[PDB]
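Visitor: Can you build the whole structure from these sequences, using the hints too?
Listed below, chain by chain, are the residues.
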Amino acid sequence: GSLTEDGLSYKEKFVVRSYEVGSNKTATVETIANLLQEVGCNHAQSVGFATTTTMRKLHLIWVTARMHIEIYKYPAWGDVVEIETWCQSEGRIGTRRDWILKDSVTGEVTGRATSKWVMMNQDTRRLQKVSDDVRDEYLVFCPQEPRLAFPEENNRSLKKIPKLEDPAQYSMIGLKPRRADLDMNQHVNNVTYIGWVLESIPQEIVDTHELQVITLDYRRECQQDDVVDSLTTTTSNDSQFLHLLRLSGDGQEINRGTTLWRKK
Amino acid sequence: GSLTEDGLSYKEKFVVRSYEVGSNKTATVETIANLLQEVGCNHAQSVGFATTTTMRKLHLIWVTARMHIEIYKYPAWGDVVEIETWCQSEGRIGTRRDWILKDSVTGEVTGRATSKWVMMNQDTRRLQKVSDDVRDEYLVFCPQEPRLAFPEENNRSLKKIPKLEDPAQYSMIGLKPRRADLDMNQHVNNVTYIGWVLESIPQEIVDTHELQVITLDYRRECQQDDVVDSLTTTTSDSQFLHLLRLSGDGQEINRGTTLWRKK
Ligand SMILES: C[C@@H]1CCCCN1C(=O)c1cnccn1
Ligand SMILES: C[C@@H]1CCCCN1C(=O)c1cnccn1
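From first to last, the protein sequence lines stand for chains A and B. Going letter by letter, the first sequence gives residues 75 to 123, 129 to 315, 332 to 359 in PDB author numbering. Going letter by letter, the second sequence gives residues 75 to 123, 129 to 315, 333 to 359 in PDB author numbering.
Don't take each hint at face value.
With a straight-line Cα cutoff of 27 angstroms, these simulated DSSO-like cross-link-like pairs (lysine-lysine) come out [what the hints assert, rightly or not]: (1) B:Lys238 to B:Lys152; (2) B:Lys181 to B:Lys238; (3) B:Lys255 to A:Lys255; (4) B:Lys99 to B:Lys358; (5) B:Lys195 to B:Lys181; (6) A:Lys358 to A:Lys239; (7) A:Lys99 to B:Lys136; (8) A:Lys359 to A:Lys181; (9) B:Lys87 to A:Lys181; (10) B:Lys136 to B:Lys87; (11) A:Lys85 to B:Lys99; (12) B:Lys208 to B:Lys238; (13) A:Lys195 to A:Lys136; (14) A:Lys238 to A:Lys181; (15) A:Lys87 to B:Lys99; (16) A:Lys136 to B:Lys99; (17) B:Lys238 to B:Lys358; (18) A:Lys255 to A:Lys242; (19) B:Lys99 to A:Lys255; (20) B:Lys195 to B:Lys238; (21) A:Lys87 to B:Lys87; (22) A:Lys99 to B:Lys255; (23) B:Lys87 to B:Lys152; (24) A:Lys99 to A:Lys358; (25) A:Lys85 to B:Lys87; (26) A:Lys208 to A:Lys239; (27) A:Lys359 to A:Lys238; (28) B:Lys136 to A:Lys87; (29) A:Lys195 to A:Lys242; (30) A:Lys208 to A:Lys181; (31) B:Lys87 to A:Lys99; (32) B:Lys85 to A:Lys87; (33) A:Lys99 to B:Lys85.
Hints were generated in silico from the structure; no laboratory data involved.
Guide: Written as structure tokens, this is what we have:
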């Protein structure tokens with residue numbers, strides 16, 4: 075992996091490993107998300123980092144508020160995927176990270192992703208607008224003119240997701256994180272929520288369709304000892336679903352989202 | 075990755091990715107096992123496969144009966160691990176696959192593993208013992224003189240594991256496989272059982288110790304709709337006896353032992 079010539083984006087090639095392919099005989103949505111995270115971490119490392132020394136001082140961290148992924152073609156075991164990632168400031172609202180996924184052999188775009196990140200105090204969990212000092216620290220590593228993975232004036236990455244109404248059409252109850260679902264900082268990995276949302280999609284859809292689009296809003300972190308319920312209702332050749340992740344007990348919302356699936 | 079000069083073993087280098095590192099700030103036992111599987115798959119592919132066309136006709140598959148892993152040093156995020164793997168016939172009993180893990184920079188052995196594989200009919204689930212026809216087709220890819228990752232005459236990898244007696248000292252109940260725990264053939268992958276066994280190790284041990292040895296016996300496959308209980312009792333460095341069983345009838349799926357060293 076390496077930063078591109080202008081030092082304003084990073085590119086890396088990844089082989090799809092055997093343990094990364096699912097029932098569909100190709101990489102899963104979760105494998106794609108894992109690869110997006112890995113290329114994002116390597117980009118931040120290549121420029122001396129997520130947190131600047133000013134953020135560490137004030138106990139501030141970047142947290143994902145929204146993730147939007149669209150896949151046109153899933154790579155098979157042994158295929159090489161080339162991913163280009165970059166960051167951009169969004170004024171005082173937060174930061175955005177975008178990705179372009181390509182087939183290494185054909186050079187064609189096989190997927191694209193975008194994510195909204197907000198600033199939060201690590202301890203109190205209180206969100207805050209980006210200060211001017213923090214803004215200038217990461218602006219030197221970002222393109223100045225807007226560069227969007229989803230440029231379109233009325234695309235699907237900026238749609239507001241409604242809250243699922245009870246009764247849900249489908250559900251998967253009592254989902255618990257395992258010790259493997261935790262990262263280096265003992266927190267539940269953002270990829271785990273993608274898996275949990277897909278747990279309540281009916282088996283028939285999983286067997287005959289491929290996920291084309293996924294939009295996921297993050298509302299609350301799930302602790303190691305929390306239990307989650309995954310809820311899904313069809314909202315629609333193509334199937335659409337509205338999703339809701341909530342705590343098994345009090346029903347406190349942790350995530351909401353939408354998925355769009357295409358017939359194999 | 076590539077086969078070595080004699081074509082009797084395969085070597086590959088792997089970078090440890092960010093999503094592969096755990097609470098310990100290093101690769102997990104599950105990440106190591108995933109890397110062993112990947113290098114094993116690439117070795118079978120490099121020689122045209129690990130079912131031969133004769134096994135395919137008769138509906139026979141190789142199944143793991145025992146897995147034994149020993150880790151001396153866990154790689155950190157971004158570290159490159161070099162793994163060498165090879166196979167060997169064990170008469171009519173089955174096959175063995177061994178691995179040697181090395182640090183790419185220092186060349187030192189950071190871990191080693193061994194596994195016993197038995198022949199089974201994928202439909203009836205019946206053990207069948209290895210035929211003579213299926214032997215001459217895989218012996219051409221195996222070293223002829225014995226080559227053992229664990230050579231020591233009666234060491235840790237060949238110790239019989241006893242069955243845990245109730246009440247268990249520790250337990251983690253209601254463990255269900257997710258759709259991500261299934262492989263390309265819709266089966267629960269063998270790495271998932273390693274995770275489930277480690278779920279009942281006390282948090283105190285996990286936070287202050289590193290796993291040094293793991294021996295896991297496979298008795299029954301867990302289906303997508305099965306629920307499992309993970310049981311652990313200290314038998315002692334800390335040693336544990338483990339048992340995975342179905343949440344309902346208590347039907348055994350796995351038994352094992354772990355040895356942990358203070359960080
Ligand atoms: C059906 C699989 C199995 C795991 C659960 C969901 N899946 C995916 O993430 C996927 C993979 N490829 C295409 C579309 N979706
Ligand atoms: C404690 C971690 C966290 C995940 C569950 C078990 N662990 C390991 O697999 C491990 C064990 N020893 C050293 C490094 N990692």
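Visitor: Which of the numbered hints above does this structure break?
Guide: 10, 28, 30
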